[PDB]
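> For reference, the chains in residue letters:
2 protein chains.
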Amino acid sequence: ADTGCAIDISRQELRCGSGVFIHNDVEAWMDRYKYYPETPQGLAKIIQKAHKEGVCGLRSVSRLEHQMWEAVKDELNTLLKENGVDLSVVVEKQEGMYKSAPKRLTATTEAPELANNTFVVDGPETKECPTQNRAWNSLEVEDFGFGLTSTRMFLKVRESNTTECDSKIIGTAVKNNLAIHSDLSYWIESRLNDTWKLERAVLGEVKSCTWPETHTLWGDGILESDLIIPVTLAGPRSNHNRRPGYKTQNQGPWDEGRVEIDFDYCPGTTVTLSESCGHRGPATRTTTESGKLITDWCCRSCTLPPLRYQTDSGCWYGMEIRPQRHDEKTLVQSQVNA
Amino acid sequence: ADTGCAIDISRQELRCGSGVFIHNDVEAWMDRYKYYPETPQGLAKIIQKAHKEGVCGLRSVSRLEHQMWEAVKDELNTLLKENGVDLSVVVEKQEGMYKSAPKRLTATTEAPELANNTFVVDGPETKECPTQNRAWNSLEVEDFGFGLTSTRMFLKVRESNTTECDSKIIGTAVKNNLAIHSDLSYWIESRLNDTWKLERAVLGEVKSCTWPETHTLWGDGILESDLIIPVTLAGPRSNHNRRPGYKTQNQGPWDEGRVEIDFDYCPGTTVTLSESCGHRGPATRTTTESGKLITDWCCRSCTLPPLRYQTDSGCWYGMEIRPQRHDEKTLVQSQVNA
Ligand SMILES: *[C@@H]1O[C@H](CO)[C@@H](O)[C@H](O)[C@H]1NC(C)=O
Ligand SMILES: *[C@@H]1O[C@H](CO)[C@@H](O)[C@H](O)[C@H]1NC(C)=O
Numbered sequence: 000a001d002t003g004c005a006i007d008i009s010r011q012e013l014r015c016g017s018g019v020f021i022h023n024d025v026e027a028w029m030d031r032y033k034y035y036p037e038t039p040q041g042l043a044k045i046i047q048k049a050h051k052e053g054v055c056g057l058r059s060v061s062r063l064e065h066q067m068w069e070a071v072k073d074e075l076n077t078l079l080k081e082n083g084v085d086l087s088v089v090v091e092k093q094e095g096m097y098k099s100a101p102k103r104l105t106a107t108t109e125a126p127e128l129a130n131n132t133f134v135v136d137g138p139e140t141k142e143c144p145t146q147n148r149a150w151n152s153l154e155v156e157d158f159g160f161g162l163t164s165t166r167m168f169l170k171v172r173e174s175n176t177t178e179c180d181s182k183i184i185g186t187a188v189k190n191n192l193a194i195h196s197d198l199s200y201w202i203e204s205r206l207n208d209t210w211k212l213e214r215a216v217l218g219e220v221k222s223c224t225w226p227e228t229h230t231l232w233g234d235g236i237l238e239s240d241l242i243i244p245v246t247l248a249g250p251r252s253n254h255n256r257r258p259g260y261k262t263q264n265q266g267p268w269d270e271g272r273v274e275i276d277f278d279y280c281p282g283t284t285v286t287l288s289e290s291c292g293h294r295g296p297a298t299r300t301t302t303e304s305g306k307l308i309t310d311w312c313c314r315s316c317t318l319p320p321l322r323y324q325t326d327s328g329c330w331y332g333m334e335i336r337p338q339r340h341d342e343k344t345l346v347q348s349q350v351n352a
Numbered sequence: 000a001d002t003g004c005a006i007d008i009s010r011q012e013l014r015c016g017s018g019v020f021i022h023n024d025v026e027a028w029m030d031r032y033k034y035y036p037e038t039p040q041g042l043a044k045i046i047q048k049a050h051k052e053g054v055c056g057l058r059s060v061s062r063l064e065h066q067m068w069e070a071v072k073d074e075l076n077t078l079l080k081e082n083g084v085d086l087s088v089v090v091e092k093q094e095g096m097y098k099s100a101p102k103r104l105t106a107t108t109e125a126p127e128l129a130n131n132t133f134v135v136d137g138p139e140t141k142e143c144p145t146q147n148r149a150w151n152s153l154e155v156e157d158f159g160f161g162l163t164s165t166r167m168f169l170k171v172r173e174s175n176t177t178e179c180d181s182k183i184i185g186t187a188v189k190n191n192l193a194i195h196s197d198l199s200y201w202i203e204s205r206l207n208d209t210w211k212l213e214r215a216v217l218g219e220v221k222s223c224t225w226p227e228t229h230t231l232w233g234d235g236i237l238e239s240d241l242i243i244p245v246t247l248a249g250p251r252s253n254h255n256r257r258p259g260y261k262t263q264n265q266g267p268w269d270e271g272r273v274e275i276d277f278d279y280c281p282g283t284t285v286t287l288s289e290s291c292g293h294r295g296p297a298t299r300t301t302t303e304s305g306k307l308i309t310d311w312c313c314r315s316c317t318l319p320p321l322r323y324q325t326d327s328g329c330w331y332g333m334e335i336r337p338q339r340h341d342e343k344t345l346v347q348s349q350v351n352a
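For the record, the sequence lines run as chains A and B.
Residue numbering for the first sequence is 0 to 109, 125 to 352, as defined by PDB author numbering.
Residue numbering for the second sequence is 0 to 109, 125 to 352, as defined by PDB author numbering.
Do not take every clue at face value.
Only pairs whose alpha carbons sit at most 27 Å apart, straight line, appear in this in silico DSSO-like list of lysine-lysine [stated by the list, open to error]:
| no. | chain 1 | residue 1 | chain 2 | residue 2 |
| --- | --- | --- | --- | --- |
| 1 | B | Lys170 | A | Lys170 |
| 2 | B | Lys182 | A | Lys211 |
| 3 | B | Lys343 | A | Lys211 |
On the chain B side, residues computed to face chain A include the following (Cβ under 10 Å) [claimed, not checked]:
| no. | residue |
| --- | --- |
| 4 | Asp24 |
| 5 | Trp28 |
| 6 | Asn190 |
| 7 | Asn253 |
| 8 | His254 |
Cβ-to-Cβ under 8 Å is the rule here; a few derived chain A residues that face chain B [unchecked claim]:
| no. | residue |
| --- | --- |
| 9 | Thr2 |
| 10 | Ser9 |
| 11 | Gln11 |
| 12 | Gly83 |
| 13 | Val84 |
| 14 | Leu162 |
| 15 | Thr163 |
| 16 | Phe168 |
| 17 | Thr186 |
| 18 | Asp234 |
| 19 | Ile236 |
| 20 | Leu237 |
| 21 | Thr325 |
| 22 | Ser327 |
| 23 | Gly328 |
Hints are computed from structural coordinates only; laboratory data are not their basis.
Note that the Cβ used here is the ideal one computed from N, Cα and C, for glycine as well.
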C-alpha cells in the first residue's frame, strides 16, 4: 500500500500515513513512466510468429505504447537481421486517436538496413496493412522497475483477449467531493457543486480500449446515451461521466490527438439557448479552415457554461451547440463516429 | 485538490504532485478528526423544538457523533438551564451497533444540575424513549477547521431527508490492484489476487446509514444477496463487497461494536468442506460462554481461507460456517438480523 503525506486544503489539514494516492501524470509534460518489453529477443520471435499468422502490423493503444515501439525498433530490426529474419518493423507516426484492432499477439517461448517484409506499427489506414490484420492491446504491465528519472513498466503478452484498458496504471478515487478516473493518458475530473457532474477532462491522446467496471465509481443505473465520453473511446461507465443537457459526444474532435474538455466559452464566442436553433450534430470548431472567428452559436436544451473542447487546431463546442447564423458545409466539423 | 508525496512499493517509485490521497484513519487510535456543532446556541434551540415536536431522544450514526454529544452535553444543559428551558440532554453510553431512527432534527433560526425533562442520546432500547421517537443522521459536515492536533469538523442540520452516510468524510479509491471503500469508521479492503474479492474490513463501530452509490466502485450488476457487508449496515453496493462461496452476512456479530473482517482461521480452529455439514445460520463464536474452545467446524460451499470475525469478546466464523460436532443452542450466536 501507499505511505506518505499530503496537504488537503479542503479539510484544511496536513496528514501523514498509509493509504492510497492518485497522481496527475497527464498534466506533467515529462514521461515519468516508461514502457519496456520484458525481453527483446522474445518480442522479436513474437512478431515473426505474428507475421507467420498473417499479421501485417499493429496499432498502439496509447502514445506511450507508441513511444515504446519508437525506441525499440532499431534493436528489434538488428536482431531480426542478425537472426536472419526477413521481416523488419516499421513504426509509423500516429497523429489523432489510437484505434483498436481485432488481432492479438500470441505469447510463446518459455544502424539498421532496409528489409524485404515489413511489420507496420500505427500510422494512417492503409490497404497495405489494413487494421483488420493489425494487432492492438496485446501487452500489459507485469511489474514496475525503479527508475531515478522515470519509473520503468515491464510489459508482457496478454493471455486473455480483452478490450479493457490495463488496470495496473489506472488510478480512481473520490475524496472531499472530488471524483477522478485516471490513467497515464486520461484525466477525468468531476466535482460536486450543487450536484455531481463532469467538469474537466484531459486526454494526452484518444484511445479505443474499454474502461473497467472494477475501477468505475457510480456504475449503477447506467444510460450509455448520457455518457459524455463514449464507451468505445475508453469512457468509464459512470454516472459521473455526465452533464445535464448533454448526451454521448460520438462526434467530438477525437481524431485531433490531445483533447481537453471543459465547460466554458470558446474564446470570442457566444452560446445561447434558442428553440430556433438546430439539433445536435458533429462538433464544430470556432475557427474555420480560413481561420475566421464565429461569434454567435446556439443550443436548444444544453446547460451553461457550454461544453468546450480545446485542441491544437483550435477550440470546439459540443454536439448540441450549433451556429446561430451559418450554413453547415462551410465550417470544420468532426468526422468521427464512435 | 490534494498535494503531496508518497512511496508506492507496487510501482517501486517515489512521486510528488497534485491528486487524491485516501488515508487509513480507522487504524489510527488517535481521533485526528473531531466533531463540532456550528453553533451551540442554535443547537440548543433545535433540541427543544425537537422535544416540542415530540422527540424523546436521538441515535448517533457513529462513535464520533456519539463522542461529540458527550463533550458538548454539559455546555448544552448549562445553556438549557441558564436559558430556563426545562429539558436537559442525557447522553447514554452506546455499546454495540449504532442503529437508525426515523425522526430528523429540523433546521431553524437564521457543573450542570439534574432536570425535569430528558432528551436521550443512544444507550439501550427503552420504552421511555423508543427509537421510533428518536432522531438520527440529522447532521452533516459543513466545512473543516484547521486543528494542530486534530482536524475540526463543523456539523450542520440536514435540510433533505436521507439514509445516506455523510459523503464529505468518505474516501474511496483503487490503485495498484488495491480497492478501498472508507470513511472515519469503515475501512473496507478488497484486493486483486487471482480475482477481485474482499480481503479485509475494519469497523470502529457498526452503523445503519447507507453507502452512497456515488462513492461506490463496481456498482453495476449488483446482487444484494452476494454483498458480504449488508446494505443496511452501510455496506457498499459494490461487487468488491463479495467473496466466492459466500452471501450476505445478515447474521454477523454486528452488535459487538468493533468488527474486523478477514479470511483466515480462528485461532485453534479448523474449517473443512463437507456435504454432511449444515446450512448457513447465525455467526457463531469459537469460545462459548464458559470459554470452552471449539476445534472442529465445517461448511458446505464456502471458499478457503474462511470468513473470519474478530471482536473484543473473541473470534467468529461466517454464516456458511457451521460446527462439525455441536448441538446449536449451546453456543454463542449472533442475534442480529439486518
Ligand atoms: C530480400 O530478398 C532478396 C531476394 O531477391 C535478397 O536478395 C535480399 O538479400 C533480401 N534482403 C534481406 C535484407 O534479407
Ligand atoms: C421541575 O418542576 C418543578 C415543578 O414542580 C419545579 O419546582 C422545579 O423547579 C423544576 N426543575 C427545573 C430544573 O426546572
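> Give me the numbers of the hints this structure contradicts, sorted from smallest to largest.
Hints 1, 3, 5, 12, 13, 14, 15, 16, 20, 21, 22 and 23 not satisfied by this model.
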